[PDB]
Amino acid sequence: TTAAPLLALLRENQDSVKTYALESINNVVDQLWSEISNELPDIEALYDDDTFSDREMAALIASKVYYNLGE
Amino acid sequence: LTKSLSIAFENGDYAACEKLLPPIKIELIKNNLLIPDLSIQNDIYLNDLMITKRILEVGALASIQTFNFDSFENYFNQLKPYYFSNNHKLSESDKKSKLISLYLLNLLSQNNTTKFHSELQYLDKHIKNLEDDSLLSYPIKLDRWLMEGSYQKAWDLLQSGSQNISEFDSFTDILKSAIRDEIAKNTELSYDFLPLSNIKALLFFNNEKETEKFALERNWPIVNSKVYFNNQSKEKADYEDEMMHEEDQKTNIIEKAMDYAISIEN
Amino acid sequence: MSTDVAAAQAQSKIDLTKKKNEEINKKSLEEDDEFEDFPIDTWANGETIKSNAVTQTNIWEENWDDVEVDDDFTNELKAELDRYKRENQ
Amino acid sequence: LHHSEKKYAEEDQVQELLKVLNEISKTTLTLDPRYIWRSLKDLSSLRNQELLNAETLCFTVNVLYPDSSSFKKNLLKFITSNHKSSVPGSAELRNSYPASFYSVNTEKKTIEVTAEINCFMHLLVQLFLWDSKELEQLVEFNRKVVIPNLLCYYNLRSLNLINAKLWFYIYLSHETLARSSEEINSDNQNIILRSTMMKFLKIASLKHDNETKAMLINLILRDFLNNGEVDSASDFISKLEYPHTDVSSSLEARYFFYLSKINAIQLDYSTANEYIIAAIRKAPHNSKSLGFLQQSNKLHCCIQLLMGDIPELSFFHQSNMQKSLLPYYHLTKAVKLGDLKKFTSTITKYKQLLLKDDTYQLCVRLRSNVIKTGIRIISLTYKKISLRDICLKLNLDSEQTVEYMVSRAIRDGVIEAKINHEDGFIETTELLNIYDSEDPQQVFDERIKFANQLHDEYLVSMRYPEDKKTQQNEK
Numbered sequence: 004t005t006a007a008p009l010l011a012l013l014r015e016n017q018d019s020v021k022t023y024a025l026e027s028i029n030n031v032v033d034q035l036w037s038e039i040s041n042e043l044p045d046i047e048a049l050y051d052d053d054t055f056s057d058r059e060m061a062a063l064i065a066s067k068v069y070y071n072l073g074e
Numbered sequence: 007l008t009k010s011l012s013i014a015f016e017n018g019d020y021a022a023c024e025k026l027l028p029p030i031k032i033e034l035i036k037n038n039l040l041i042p043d044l045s046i047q048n049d050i051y052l053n054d055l056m057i058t059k060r061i062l063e064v065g066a067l068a069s070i071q072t073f074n075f076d077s078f079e080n081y082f083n084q085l086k087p088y089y090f091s092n093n094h095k096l097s098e099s100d101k102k103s104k105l106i107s108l109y110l111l112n113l114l115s116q117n118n119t120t121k122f123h124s125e126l127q128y129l130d131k132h133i134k135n136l137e138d139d140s141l142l143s144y145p146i147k148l149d150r151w152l153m154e155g156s157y158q159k160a161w162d163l164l165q166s167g168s169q170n171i172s173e174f175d176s177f178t179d180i181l182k183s184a185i186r187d188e189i190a191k192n193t194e195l196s197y198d199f200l201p202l203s204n205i206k207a208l209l210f211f212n213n214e215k216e217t218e219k220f221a222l223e224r225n226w227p228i229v230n231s232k233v234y235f236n237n238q239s240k241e242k243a244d245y246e247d248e249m250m251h252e253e254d255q256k257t258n259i260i261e262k263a264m265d266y267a268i269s270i271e272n
Numbered sequence: 001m002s003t004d005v006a007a008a009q010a011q012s013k014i015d016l017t018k019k020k021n022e023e024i025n026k027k028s029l030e031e032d033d034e035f036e037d038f039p040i041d042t043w044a045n046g047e048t049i050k051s052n053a054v055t056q057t058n059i060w061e062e063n064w065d066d067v068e069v070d071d072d073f074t075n076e077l078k079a080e081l082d083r084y085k086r087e088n089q
Numbered sequence: 018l019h020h021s022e023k024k025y026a027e028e029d030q031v032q033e034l035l036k037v038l039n040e041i042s043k044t045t046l047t048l049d050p051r052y053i054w055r056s057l058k059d060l061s062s063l064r065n066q067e068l069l070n071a072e073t074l075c076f077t078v079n080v081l082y083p084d085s086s087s088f089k090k091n092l093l094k095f096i097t098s099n100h101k102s103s104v105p106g107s108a109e110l111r112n113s114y115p116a117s118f119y120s121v122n123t124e125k126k127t128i129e130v131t132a133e134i135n136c137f138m139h140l141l142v143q144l145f146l147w148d149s150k151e152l153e154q155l156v157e158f159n160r161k162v163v164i165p166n167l168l169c170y171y172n173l174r175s176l177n178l179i180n181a182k183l184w185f186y187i188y189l190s191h192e193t194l195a196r197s198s199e200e201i202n203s204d205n206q207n208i209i210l211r212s213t214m215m216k217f218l219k220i221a222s223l224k225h226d227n228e229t230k231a232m233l234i235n236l237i238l239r240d241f242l243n244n245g246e247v248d249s250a251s252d253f254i255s256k257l258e259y260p261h262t263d264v265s266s267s268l269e270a271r272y273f274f275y276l277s278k279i280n281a282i283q284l285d286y287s288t289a290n291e292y293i294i295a296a297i298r299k300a301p302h303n304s305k306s307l308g309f310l311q312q313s314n315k316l317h318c319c320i321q322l323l324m325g326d327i328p329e330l331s332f333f334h335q336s337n338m339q340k341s342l343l344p345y346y347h348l349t350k351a352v353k354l355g356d357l358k359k360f361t362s363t364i365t366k367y368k369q370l371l372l373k374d375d376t377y378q379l380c381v382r383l384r385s386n387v388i389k390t391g392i393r394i395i396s397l398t399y400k401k402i403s404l405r406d407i408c409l410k411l412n413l414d415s416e417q418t419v420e421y422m423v424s425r426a427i428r429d430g431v432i433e434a435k436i437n438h439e440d441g442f443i444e445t446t447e448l449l450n451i452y453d454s455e456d457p458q459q460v461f462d463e464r465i466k467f468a469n470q471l472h473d474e475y476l477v478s479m480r481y482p483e484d485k486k487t488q489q490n491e492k
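Chains as they are written, first to last, in the UniProt record's numbering: chain X, 4 to 74; chain B, 7 to 272; chain A, 1 to 89; chain P, 18 to 492.
This is chain X alone, in the form it adopts within the complex:
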């Protein structure tokens, strides 16, 4: 099955779901990466706001995606 449940959680505008999205994605960052790349911009957005503590998590996840592609 696709990553389609995982991407949907990020887009949701309630702040508690955005935190939650990365907790799931983090596990499968190396296993699915050609289906988690649509809402990679959602993950770069969360870094910009300093009201998240998930700045750390957003970068951690983000770097790894680029290497999986082979960049």
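You can trust all of the hints, since none of them are fake.
Below, simulated DSS-like cross-link-like pairs (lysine-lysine); rule was C-alpha separation at most 27 Å, straight line:
1) A:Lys27 <-> P:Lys373
2) P:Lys373 <-> B:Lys134
3) A:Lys20 <-> P:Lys486
4) B:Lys121 <-> B:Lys102
5) P:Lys485 <-> A:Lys13
6) B:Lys159 <-> P:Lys435
7) P:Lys366 <-> A:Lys50
8) B:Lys191 <-> P:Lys435
9) A:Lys18 <-> P:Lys485
10) B:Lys159 <-> P:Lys410
Since the hints were derived computationally from the structure, they do not count as laboratory data.
Position chains B, A and P relative to chain X; hints supplied.
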């Protein structure tokens, strides 16, 4: 709470649905934490999953009315492989049928006809072969008439679809606007000019204020009481010449010979 | 077998004990033969003769109006008489 | 009888492998050591099957195993126990020489190079059970052998080559169960299966091993077609990373055949059509790709209709079979006349066939293109033809109905025409002479660039046979 969302939809108050959504999305997390999200299925899992899905079903329809397309798309992605798996494991609702059909119309108006054709493949194996129609004919038929290129047939079905309710009334307005932008593209190459009463008939409009507004969006003077399609074509060509993405696509003859010469001498 | 026939595919990339295993891998991943799906399933086969050189798989070249019936003998016959009727009216 | 025949058969099997282990460990030359295994696989299996298939069990004990033994034994029991027929001194001999496996590595067990030998063994059993057919647990048992061999023997480029066949059969056995019926096992295991092969793919990138990368790619792509979740197949081909250095000609067809399907469902039928002709060019054929090649022809004809310019009636007669292309010959004809009723009768008739071949989705659009290609013969035949005359021919509602259909097609480029509403006729636009335009300079550019590339390539490939021969043992 999850329950209050569901009875608010049947009452007919969708403003009410709309204002229970912000608490609803926090408990929707709790519901996800209950389940292992499709990696082991149990029978205790389905009693936990009824709490999960319920939110998605009610939430999804209610978003269509309230103009919350991001949330409708979000609730659809979560919900969908649940139905697909095991030919239904239950994971079934009457409300299931309405969501598939309204979701096909959603893509089409955005002009993700690409995704429309992908999305179809999935649903044919899922329910089109097995349970026959969930009101899937309604999207598929519009698609056919756009690809066929008859806009009369398609416009006629939208007129009727707003004389019917399945929530097709909420997507007809969008697919009216979407069809109008598509025919302007076709009609640049077809005509050089038209009477203002002819453009009016063809791109479907009930005022001449609409027809000229539409013309001047496509940068076609309405002078002489005739349109002038060629005028927009000139300005698209200039836009391209200013960029450096169009100059090397052409490839000039000085460039072709010199690059030809250095392969040999290499 | 379409534009780029079966002959050029055996002469360019030579059939070897080396290549057959790989070819098995093509067939299997697709899943089964679909040469043998049709005469079991349908209990019918392809086109057959109608006058010879018109239909049926052959190295005989064919027409592009093969499917169209020969009523042409009639149509020229009717063309003469009908033409006298219009001119001499 | 039995004791002798199995004795000699086990010891021969070990020796042939030990040499191709050695062969690959001497520089890099990927393709040739591989090819040895492909010719061998076919033969090793048929020899094991004659004289009872417990000739494999002697080989299975004469490798260090993680858990292959249990799975193999079960089959013997079932056709009546053959573990008293294959017995030690003829099923277990390490000897004091290597030609039934080296004695020094076996005792020490930390220098052992049993690895690739072991991979070739597993494959033999999986194949016999694959012929017979077993599902569900068969997927589990295979899957349980295969992962240990990555993990007890260290990974090399050399290791990935032969475990590239191991991957094929797990993946394949799960897809056939999946299309049989959905099941609680199938939904869950699909997640693991999809992900694990995607995980090896970047590791293959890191290796720089081009053969390995191609095989994992082809397998992921295929699952998306089978269950219709092609919303993924699209994201998969946004990226490109498919190599062509150590990738076989047989594989290059494989990529292009499936790629051709994804392009058809983004409704770009131009590069779909490109890759299906392309797929045949790379493809070899003898008799063992006969199923694939048949479907290659069928897919080409669907694509050509989607674009709006008919293939010929002669086009199917000059194909060297029409003996399964008999539905798609009928499809060329039905679109061709501009006849709607003929399209209804055939699509219902051949419904099961269309469903199987993943060509049923395209026929919802090709219902639409009956009329669109119906126009294409009439506007071509007659340069100027009234709006009303075309209402005659294709039995269309209104004059205005004509204008709409044609206008779409010319944005898609099918007609190449212009409608004039003040003089009440459609005028099919000219192509003119393009000899006085800059168009032939574009065609040549394609030709020139490909030819320069061939002169540079040959010079490199002078050198390559010379290396192969020098390494090779005397003749």
